[PDB]
Amino acid sequence: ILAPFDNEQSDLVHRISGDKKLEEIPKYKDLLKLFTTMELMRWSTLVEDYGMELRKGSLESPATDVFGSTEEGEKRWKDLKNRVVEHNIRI
Amino acid sequence: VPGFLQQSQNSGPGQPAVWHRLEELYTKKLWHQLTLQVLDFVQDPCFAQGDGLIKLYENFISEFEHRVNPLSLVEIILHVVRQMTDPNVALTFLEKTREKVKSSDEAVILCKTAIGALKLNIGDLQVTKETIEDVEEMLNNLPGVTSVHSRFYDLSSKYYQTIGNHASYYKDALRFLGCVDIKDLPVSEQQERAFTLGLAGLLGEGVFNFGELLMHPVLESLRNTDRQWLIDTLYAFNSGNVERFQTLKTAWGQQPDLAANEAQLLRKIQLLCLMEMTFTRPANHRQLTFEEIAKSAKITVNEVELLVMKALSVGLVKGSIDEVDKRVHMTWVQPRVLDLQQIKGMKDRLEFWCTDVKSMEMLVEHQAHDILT
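Line by line, the protein sequences give chains W and a.
Residue 275 is where the first sequence starts when you use the authors' numbering, and the numbers rise one by one after that.
Residue 4 is where the second sequence starts when you use the authors' numbering, and the numbers rise one by one after that.
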């Protein structure tokens, strides 16, 4: 979500995708949308889908990696909007 | 044993006479009469559990007969399960006997089909689903028995029971049609199976092929017993597209499955409508107004400006689309089957154009006969 599209990024996302342990996590299902062309994913829909990412209340252990707060979180928040916007233009 | 067959074995009418005949076969050593005629009496279900309990005693007689396992063992097992009733460990015993005595490797794959079905009854989507995968390996590429492939279909249908995957059901039902001997299948039992195929089996999103399976003759005739309007609604989603009158009818045709997947099916018919314009009409009528697509997607014309994009997004078929009137005039499309008798394929489009070309080819010859030399 925070990393720009690249030939390396695509090969890596496929390798991480399909892990049995990853399959159990609900967030992995949400992350699959970027991995597939999936046509276009609207950012507003993603905010509703990723409200859990901000505070899961069950996991949220790597949520610091995304929107932890401001310096490492708001910068990540802008990146997600940019990467999905980049996804919209690519498709 | 000879005394047991003469009097105690007899249960149904004519059983003493048939068992006396079985004793004559036992002395005559005619395994073929035991393999077919004796098992034919076993095939009759009136005796039910009682023939099956006798069948365990007869199984010892069958071991002496040493009849071919692919024919003899499978028939014995078919009524052995009836004797077993609920087989908590009875299943292990019948599987153990099948594994210990194998006339041929094909019989061993038949043993696997039985093991999977018994495991399916006690457990769901566990070792039994893996055994269904094992049976695919055991079957390999041999369809000569054909009935063995039907047993393979039975576990494939069981896989449909284990996970909804209606697409897997669509594949297995088609496999059954190929591996069934003919319409020798009990017509009423198959019509009852087709009643389910007409209802939940085709109501499942797994099968919607514009009549590739729906217009196949054997199942549709059996599905005639199932509500005709529901059967028509299934054709209507695929080729009638929106079919708003049929959409009201589909709720009437089958409330189960349709209600659960109504939103998903509505999306599928909208995709079907987009494929329909290009394959059914090539150019000219293929181009159509946005309002017709709005009716085709059963959505408002203002909404269809947003909706056509979503239908276009699926991009099942690569094409060229103009939003001046939302006209299609697109490129590649794959029709599941051609409409009617392929009237377009006749002089309506093809053939007639080809006749025109050869006359023009003659014009090239007339234009330059000397040059041809």
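What the hints contain is simulated information worked out from the structure, not anything from laboratory work.
Be aware that a few hints might be false.
As the list claims (entries may be wrong) - Straight-line C-alpha distance at most 27 Å; calculated BS3-like pairs for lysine-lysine:
| hint | chain 1 | residue 1 | chain 2 | residue 2 |
| --- | --- | --- | --- | --- |
| 1 | a | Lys271 | W | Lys303 |
| 2 | a | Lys186 | a | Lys174 |
| 3 | a | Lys313 | W | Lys355 |
| 4 | W | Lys307 | a | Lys105 |
| 5 | W | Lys307 | a | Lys298 |
| 6 | W | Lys295 | a | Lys132 |
| 7 | a | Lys301 | a | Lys313 |
| 8 | a | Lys298 | a | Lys271 |
| 9 | a | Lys298 | a | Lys321 |
| 10 | W | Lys352 | W | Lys294 |
| 11 | W | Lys307 | a | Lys271 |
| 12 | a | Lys132 | W | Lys303 |
Unchecked claim - From chain W, some residues computed to sit far from chain a (all C-beta separations above 10 Å):
| hint | residue |
| --- | --- |
| 13 | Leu314 |
| 14 | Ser335 |
| 15 | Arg350 |
| 16 | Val359 |
Idealized CB from N, CA, C, for every residue including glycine.
Q: Classify the label on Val359/W as holds or violated, using whether its beta-carbon is more than 10 Å from each beta-carbon of chain a.
A: 17 Å, holds
Q.
Please verify whether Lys307/W and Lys298/a have alpha carbons no more than 27 Å apart.
A. The hint is violated at about 30 Å.
Q) Taken at face value, is the distance from the CA of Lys303/W to the CA of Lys271/a at most 27 Å? A) 22 Å, holds
Q.
Can you confirm whether the C-alpha distance between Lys352/W and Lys294/W stays at or below 27 Å?
A. 30 Å, violated
**Q.** Given hint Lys355/W paired with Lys313/a - CA-CA distance at most 27 Å
**A.** 22 Å, holds
Q.
Run the distance test for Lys307/W versus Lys271/a: straight-line Cα separation, threshold 27 Å.
A. 20 Å, holds
**Q.** Non-interface claim for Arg350/W versus chain a (Cβ beyond 10 Å)
**A.** 28 Å, holds
(Q) For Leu314/W, is the shortest CB-to-CB distance to chain a above 10 Å, so the non-interface label stands? (A) Given a closest Cβ separation of 7 Å, the condition is violated.
Q. When you check the alpha-carbon spacing of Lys186/a and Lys174/a, does it fall within 27 Å?
A. Holds: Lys186/a and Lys174/a sit about 19 Å apart, inside 27 Å.
Q: Would you check the hint for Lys298/a and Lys271/a, treating anything up to 27 Å between C-alpha atoms as holding?
A: 15 Å, holds
**Q.** Restraint check for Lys295/W with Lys132/a, where alpha carbons must lie at most 27 Å apart
**A.** 21 Å, holds
Q: Would you check the hint for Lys307/W and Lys105/a, treating anything up to 27 Å between C-alpha atoms as holding?
A: 51 Å, violated
Against the hints set out earlier in the document, violations occur for numbers 4, 5, 10 and 13.
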